[PDB]
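A single chain comes next, written as structure tokens; it is the form deposited without the partner chain.
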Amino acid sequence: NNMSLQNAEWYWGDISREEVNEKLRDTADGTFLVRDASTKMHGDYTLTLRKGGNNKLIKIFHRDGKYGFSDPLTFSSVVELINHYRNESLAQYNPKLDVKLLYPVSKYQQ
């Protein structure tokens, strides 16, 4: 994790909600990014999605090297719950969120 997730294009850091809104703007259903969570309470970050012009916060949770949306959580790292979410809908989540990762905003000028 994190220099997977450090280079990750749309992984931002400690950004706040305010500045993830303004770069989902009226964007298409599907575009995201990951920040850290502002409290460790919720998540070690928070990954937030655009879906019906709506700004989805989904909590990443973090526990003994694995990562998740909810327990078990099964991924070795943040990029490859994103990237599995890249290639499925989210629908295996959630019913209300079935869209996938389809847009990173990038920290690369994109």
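Residue numbers count along the first chain shown, from 1. By rigid core we mean the largest C-alpha set that fits within 1.5 Å across both forms. What changes on going to the form deposited with the partner chain bound:
A 2 Å or larger CA shift between these two forms, after fitting on the rigid core, occurs at just one of 84, 59, 66, 40, namely 40.
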The other form holds:
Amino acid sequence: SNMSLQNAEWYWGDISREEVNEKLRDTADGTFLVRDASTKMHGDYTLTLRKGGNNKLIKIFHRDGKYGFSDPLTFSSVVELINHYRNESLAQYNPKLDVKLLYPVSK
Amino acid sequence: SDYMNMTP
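Can you return the structure of this protein in the form deposited with the partner chain bound rather than the form deposited without the partner chain?
To see the whole picture, the full complex is given below, headed by that same chain.
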């Protein structure tokens, strides 16, 4: 019942894309972490995951109390969204993302 | 941008 984003160690807050790249360097596919969006706008976040030995940038949109990777937004929290994709591949959004959120980089 | 395009 604790859906707090601060409570998740895969959430790193105000770190840069370069800091994310440091943490994903030489990591296995399915490695992931979330940081604040570079814009700092509408309470958005940015998911970065490892796929093909490369770092894939995925916006977490936040609008009218909900979250998701594309409209329609159907998740009530960032934690619910990320938890969902621990066990579902992201391939429906893009066939290049046939991967799960397996291995958090933890603060 | 460098972001992934995510199907709606």
